[PDB]
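Visitor: These are the residues of each chain, in order.
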Amino acid sequence: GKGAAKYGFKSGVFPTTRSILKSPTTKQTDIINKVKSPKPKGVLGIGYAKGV
Amino acid sequence: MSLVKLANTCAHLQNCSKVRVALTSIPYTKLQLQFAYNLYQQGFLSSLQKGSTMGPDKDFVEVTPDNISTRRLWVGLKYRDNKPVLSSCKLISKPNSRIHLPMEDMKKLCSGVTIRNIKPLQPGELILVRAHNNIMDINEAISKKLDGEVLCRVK
Amino acid sequence: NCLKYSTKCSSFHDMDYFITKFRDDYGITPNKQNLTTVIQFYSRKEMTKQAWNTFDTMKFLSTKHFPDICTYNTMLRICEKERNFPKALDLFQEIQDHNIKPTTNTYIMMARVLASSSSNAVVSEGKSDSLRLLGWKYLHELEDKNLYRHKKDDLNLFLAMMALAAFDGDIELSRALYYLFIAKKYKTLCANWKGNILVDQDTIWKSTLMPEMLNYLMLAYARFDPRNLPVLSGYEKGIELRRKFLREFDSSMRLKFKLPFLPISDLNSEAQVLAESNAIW
Amino acid sequence: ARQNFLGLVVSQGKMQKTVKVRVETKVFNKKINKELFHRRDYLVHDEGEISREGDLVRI
Amino acid sequence: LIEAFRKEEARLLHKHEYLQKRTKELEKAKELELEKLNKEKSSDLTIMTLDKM
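Residue numbers (my numbering), protein chains in the order written: chain A, 8 to 59; chain B, -9 to 145; chain C, 23 to 303; chain D, 5 to 63; chain E, 719 to 771.
No wet-lab data here; the hints were simulated from the structure.
Cross-link-like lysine-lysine pairs, in silico, DSS-like; alpha carbons within 25 angstroms at most:
id	chain 1	residue 1	chain 2	residue 2
1	C	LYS54	E	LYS770
2	B	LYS98	B	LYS145
3	E	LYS770	B	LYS134
4	A	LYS29	A	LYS41
5	D	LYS35	B	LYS97
6	A	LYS43	A	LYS29
7	A	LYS9	D	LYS38
8	D	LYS30	B	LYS135
9	C	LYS173	C	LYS54
10	B	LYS145	B	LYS80
11	B	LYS97	D	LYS34
12	C	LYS174	C	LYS26
13	E	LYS733	A	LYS41
14	C	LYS67	E	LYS757
15	C	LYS103	E	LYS759
16	D	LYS30	B	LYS98
17	A	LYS34	A	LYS46
18	B	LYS48	C	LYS54
19	C	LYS209	C	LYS228
20	A	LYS9	D	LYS35
21	C	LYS71	E	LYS754
22	D	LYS38	B	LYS109
23	B	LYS97	B	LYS84
24	A	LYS57	D	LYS24
25	D	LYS34	A	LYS13
26	C	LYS167	C	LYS259
27	C	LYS109	E	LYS770
28	D	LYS38	B	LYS80
29	B	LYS109	B	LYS73
30	B	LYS109	B	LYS80
31	E	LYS770	B	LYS48
32	A	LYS34	E	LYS733
33	B	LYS135	E	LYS757
34	D	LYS38	B	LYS97
35	E	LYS759	C	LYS26
36	A	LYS13	B	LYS135
37	D	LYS35	B	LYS84
38	B	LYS40	B	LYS(-5)
39	B	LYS135	E	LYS742
40	B	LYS134	C	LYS71
Assemble the whole structure, with the sequences as input and the hints as a guide.
Guide: This is the structure we're talking about:
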């Protein structure tokens, strides 16, 4: 009963709604640009360095 | 930015209020100067002055590394209706436990809701917050939509 | 002197130019007097926040730069413009705390601040009558001791009194003070006029009729309420002061130049108030 | 993205192509009511064996 | 199925546009406070103040 306060006081659960499109579409320019953008270099980034 | 020094300053101001001295001196640093200015704007302090360890500056003195060790900020305390205007000065975010609140939690704290065991803001009280190395009152930090470290209580 | 004239003409560009010129080319930064003149500049431009910041710096920089009674009187004037009486009382208490000796201007400024604050319930925080009484008390405190007088202060004093009379709706006191001021001013100017009295009537009368005094008298008329009891009546000192002013007004009327005040000590009805407002206007 | 942790090398040369990296993370403990650092050591691949003890790296 | 796919794609693009509008409006809101502040600091007597210190 307590935890329901987080979820709008609704008791019970619905199954998680499924996404019709599992992967992003090619018309989403922003997602492609973020994907294609140069990866941040170094440790605050996400990728292996040039020499390593 | 030493919270230890802010705690020491708070205790010093409380002790000065107890013995009812009209003037007192605190360390001359950016954090202490901003904190004293915020107290003065609210009317808790009578006057701010820059001076040496011996007293206020008779003539304007530029601050340099040569004399930084001997610089002090002299604050004039207020005692009205046989009561100290600045009675109690305490810390919320302590060195052992530092409390950084997002803006919505800061509003909740101002709105009578206890957040992270901090007593809610009282009517005639002032809570100071640090955001981006700037000291302000909680109301301003909420109006600026700035998440910040909740430092001290002055009632 | 440069900043003084620049304030008198209220030219921001001249103030800025003179300050920048002195700093850059002569190595002179404003002292206590120049900073006070800058505060008066900010007051003239209705720039209260900048004036308060300059006052804070005056305290901050050094003891030589620390404000004295003149700067505190300027801040009291700023509070009067703001109608901010808690700050006025706080500044008076600070003046006492820092051992600065008040002056006549200080008491007159405090009385005027309280009179202005007592205009409405909203600005006075519902304490209008008490604020007017406190202003009268400040005037009495001035009466007690000589302090340092200034040639203009006397004029200011009377304005303060009329303010306390005007915001109280004290039509009897307002009428008496207005008649006293107009009579004394015309008598003094006629006594000390090089030109012949008859020819220069226009100039003398123009100088006599101060617009602010008329404005205060009309304000006293506008705040008329028959059930109102003057705040100054409660005190024994206040009632004696009222008796003195009213007696002098009556005696002067009984005793050239004439004003259209009705031959009655006080107005007890609305029609007479309208008649006197039209007559004086 | 692939999980990324900033760390300090605390052991190297003990094993072939493997190092120990000291990862600190921010956690909130309710019983204390405090944000404190929680520490762990990960066994990490070092191909080329470039990293040395005391170096500051990712894993 | 065709209708569902096409409407889903249009819905995603519409959310992207909505977020663009939101962010742009916030940036012009920052421009607004830029306009407001210069009014206050157009009153520069170029003396040094304590709040500026």
